[PDB]
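Presented below, as structure tokens, is a lone chain in the form deposited in one PDB entry.
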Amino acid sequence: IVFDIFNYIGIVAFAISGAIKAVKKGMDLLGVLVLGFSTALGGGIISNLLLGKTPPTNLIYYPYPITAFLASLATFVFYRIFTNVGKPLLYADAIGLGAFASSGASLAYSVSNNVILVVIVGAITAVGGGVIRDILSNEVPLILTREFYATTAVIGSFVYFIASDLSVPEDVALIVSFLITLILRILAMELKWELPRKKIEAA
């Protein structure tokens, strides 16, 4: 019924996180807002396009862009208090990651019963916004470099596909998908999990 709470925590947490980056980058108030809006809602917009769902929910359904704008605006005005809440924002981010991977995997599944589309599009909904943020910041996106965000959303999206394939009801599929994303994200944060690199000595 009210999975909106997890979504709204995600929109707020992702907007704050994007807005903080924008400030640290030196962007003016519009950039802070655009950075926050993209981090929280750009994944969803990309997936709508990939799936042919026009116009995109996050530009149409008033409370989502309203929330992201206010959350970004509040991070700007009160940036002194917001930038010192390190551990709580990390956990809220993990909540948004799990809500967004589940949601987008759900939307992809309703378009095709296809494991590749569902895993990729679920993962784009969760981490696509931060990729936009990082390209707008003139940086190599974080998910290509370090941490363990996108991998967890990949595994979460795949869990949703398997549940639905095994005829698990939708809402149960969402919760389990959300909860496994959240477990793997917390293991990764605390254990400092990383994917392997190639170490090449330079001549």
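Residue numbers count along the first chain shown, from 1. In this text, rigid core is short for the largest set of C-alphas that superpose within 1.5 Å between two forms. First, how it differs from the form deposited in another entry.
- If you fit the rigid core between the two forms, you'll see the Cα of residue 23 move by 2 angstroms or more.
- Remark: with the core as the superposition reference, the CA shift of residue 187 between the two forms stays below 2 Å.
- With the core held fixed, the Cα of residue 163 is displaced between the two forms by less than 2 Å.
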The other form holds:
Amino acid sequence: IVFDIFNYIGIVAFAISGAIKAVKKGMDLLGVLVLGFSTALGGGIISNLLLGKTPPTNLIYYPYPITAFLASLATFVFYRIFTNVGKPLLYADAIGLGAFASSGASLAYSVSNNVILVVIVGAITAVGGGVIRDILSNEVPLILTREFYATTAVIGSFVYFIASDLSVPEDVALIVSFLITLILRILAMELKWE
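Okay, that was the form deposited in one PDB entry. Show me the form deposited in another entry next.
This part shows the chain on its own.
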């Protein structure tokens, strides 16, 4: 059940991050929806393609794109009203990074217990939405500008792999991977490691 919850958490968090980016770039409602939608679902779609899972879950399981839409719309309405309140793009991205590094590693592990597949596909699941967000926004992505960003995704997917290898129950393994990924991002941002 933790797996199902993490999919929704990551979709909402990445939708908020993509919608925030759109608002900061001056876009209006429909363009904000496009960037939130793409950021929220891109990581899962890329991950499914790499694992040969077609059609991708994000394009068939109705609650996922509906959630991406509604979270992006809520973000637009929020900042259309409250134009001068802070825009935590990086914290929204970091929560999504933990939710998808853990859930993305879990999906890769179900295909094969190859550590390279699990760690790299999990990390691609985690950063993929934000990479799409940043490329569509015509700027250098966070995976290059933030020194510890992509490696923290790699670490979070690796701790999922290790926990699963050590027979840790899937719910616990997802939670621990999420926690380490998010804590490492919080430390990077709050301690000015980047």
